[PDB]
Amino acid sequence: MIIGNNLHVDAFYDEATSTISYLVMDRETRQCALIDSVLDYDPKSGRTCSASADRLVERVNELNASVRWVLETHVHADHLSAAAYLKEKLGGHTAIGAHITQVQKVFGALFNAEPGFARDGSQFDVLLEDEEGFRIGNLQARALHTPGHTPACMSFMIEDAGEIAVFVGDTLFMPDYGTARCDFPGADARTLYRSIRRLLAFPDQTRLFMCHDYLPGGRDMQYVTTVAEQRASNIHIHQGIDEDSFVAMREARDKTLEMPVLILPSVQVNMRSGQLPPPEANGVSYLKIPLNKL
């Protein structure tokens, strides 16, 4: 897609985790950003693979690009982040919400992390705050704090000409599927409602890019929608739904949800900015799986 004049957006879909990754480039400077990259991982054998990550490396080189930002909307609990691998091969700066510290505090205790594990977000280059601006070449971008799914959820808006594109993360899905879950630690259905209403306050022709697409059909994969479409036909939080009705709906639905397959391996890796836990005496890195907790 090309929004406005110089906003270039490439979408990448991982069927295994239903995760949509993004390559966002300024066409004027050929300088780009990578959002929510997927690190392939098999829970059975405990083996990683940069198969999907290399799809981004090829796309960058094909466009003669230059990575400036490696972004993450939130601490993913459904897949492993490939932010560290991409920074090691394409360079740039990693960035995540400032409230990563709250997440690191909780799961730092759940996994009984080694004393060397930082709870200040030292693993991430830049800690973004609400309404904070940052530059992708000539493209003016802003980081928006939109909690609900997690306490540290951020949304990235990028402007070119008069048109706006917002990368919302795990807040809104396609209008036919609804919204994200709020059964994770720190999550809140009432907070999510407010973050979305604030998101839908944007101009109605604002393009919204999704983090997941579970395909309610039937239909193929879709990643882009508009504010006007969401306000009119979202099955969970369209314009007719007030705060109280959403919360009762959202909370009742979360109780009927199963845990993500890779939630325990994902968080302990994504809280380290995509770094594997440090090797033990035998030089082997291990993922700690808490028993009968969570």
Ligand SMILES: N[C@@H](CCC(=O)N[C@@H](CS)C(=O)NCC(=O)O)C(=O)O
Given for the second form:
There are 2 protein chains.
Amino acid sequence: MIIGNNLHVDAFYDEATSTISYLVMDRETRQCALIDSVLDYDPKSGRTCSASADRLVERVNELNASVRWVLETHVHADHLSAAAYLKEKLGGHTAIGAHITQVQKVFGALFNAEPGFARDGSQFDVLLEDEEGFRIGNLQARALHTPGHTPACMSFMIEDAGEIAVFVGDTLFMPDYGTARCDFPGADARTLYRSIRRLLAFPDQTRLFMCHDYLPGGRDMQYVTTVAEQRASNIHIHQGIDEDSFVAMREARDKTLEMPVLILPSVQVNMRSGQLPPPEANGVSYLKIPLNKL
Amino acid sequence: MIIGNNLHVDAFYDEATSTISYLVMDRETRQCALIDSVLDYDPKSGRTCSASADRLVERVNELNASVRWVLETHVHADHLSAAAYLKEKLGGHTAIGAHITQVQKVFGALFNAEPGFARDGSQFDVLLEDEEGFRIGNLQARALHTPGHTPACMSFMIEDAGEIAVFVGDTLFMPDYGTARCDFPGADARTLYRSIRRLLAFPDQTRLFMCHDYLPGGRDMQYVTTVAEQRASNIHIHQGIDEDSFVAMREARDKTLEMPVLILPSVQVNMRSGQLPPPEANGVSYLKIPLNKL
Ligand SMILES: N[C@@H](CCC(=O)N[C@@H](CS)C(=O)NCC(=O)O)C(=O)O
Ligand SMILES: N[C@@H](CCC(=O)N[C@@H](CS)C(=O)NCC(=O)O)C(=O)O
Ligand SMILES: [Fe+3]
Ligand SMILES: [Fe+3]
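With the form solved without glutathione in hand, show me what the form solved in complex with glutathione looks like.
Up next: the whole complex, starting with the chain shown before.
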């Protein structure tokens, strides 16, 4: 789809994890950003695969584009990131929220990481602060710190010709589905409420691009909505819902959810900017699954 | 159910893993064996739980029984063993096939086990050889080496009043379901054929007790059959099927199966006689998931 004149956005949906990855291109310079890419992972066998990522590679080439940014909205709990795989193939710089350091501190300890694992986000090329601008060719973008699902979550705002899009990560879902859970380490429902109200203070017509979609009641996949529709109809956080009410709802709801299938594999990879842990003396890399701890 | 006069057998079915565990008691002395017990494991969160095992504990106490043996037919790929939990709670000796050492060697390397990991089966109290006798109170039992699904698989024969039962592990399944897969390390279809033909050389009326049952076509769970019915009707290995034909079938079938959900957690625990790996310096135990190896 094209927003304004030059904001080109392709959505790629991963069936296994319900993740929506994006290719965001400046139609003029052909520079692009890949957002929230997926490295396929079979937890039964420990096998990774680049099939989903290769779709992005092919689309970049089909467009004659050049990757400038490999972005992650947050340290995902439900899938492994393909950012390292894609930066290697395609170039560009990886970026993530500056509060990655807090996530690394917490999960470096949980997974008892090896003593060379950096907790200062240096695995990533660029650490983004709240309201910090960045460019995708001639497109002006801005990173927004929108925590609550995690302490580090970012949303990416991009504007062209007076129209705005925001890639909101796991904050809002489609209006019929609600909002993201707030029970992972350092998550907080009240904080998510405030983040979402900042997002919903953008102009009504602003397009909002989802990070996951779970096909509720078997409808087709959806990935884009507007500020106006969220404010009117989001089942969790429409305009009528105050902070306290949201917090009570969200916290009671979180108590009923199970862990994502891939939380332990995912976080320990994504905290390393999409690298597998360093191999042991036998040449094999291992995920570590903490027992009776998470 | 009672075989002969004094061979008491209770079956316990685990829905999550389709494992059938057994309590086998001498009705006279009340001495018993627990076979192929399940320690519940949620791979998403890394949590173990003793719910299934506690069913056995309760049944032992209800019977006023005393555990003499905690047995495993093989190093299971589909569930974690509760043998260590049950031996601590109830006493008795653990036993497993003497060829455990070959499994330990192979998986000690795969999981790059810590140096204190023994590859001589010393984690188990007793290592059983082919046709070796053992007692459950006044009941005469015999261990049979029946490899093919794994190099170390054992079947346990028990006799009373001229009637025989055999707990066959993952060799035969019910006649309508066939036989076990032969693709795990050191498995071999030809070897499994020969093992099954030894089992099917027992008297026709011999009862055979299954290790898994997968409710094919939505039928109710079944766990016991006879030598005669297997020879007549087993869809994979009835009397009419020769060795070469079985091998071609079994090998072509194995190429289509996926890994068990819990293969990597299960085998690194079961190779340790049901102990979790020893904790690291932070006091947490971890499973190791080899990446891109299995
Ligand atoms: N069953 C899913 C759980 C996915 C999940 O929990 N996703 C998070 C975002 S990372 C969420 O907020 N789900 C929202 C909800 O269920 O209300 C899985 O195993 O991946
Ligand atoms: N889907 C099952 C796979 C279970 C499995 O592979 N069971 C083995 C015994 S440990 C088997 O032989 N299956 C035989 C077949 O389907 O032909 C799981 O995830 O646990
Ligand atoms: Fe998320
Ligand atoms: Fe098995």
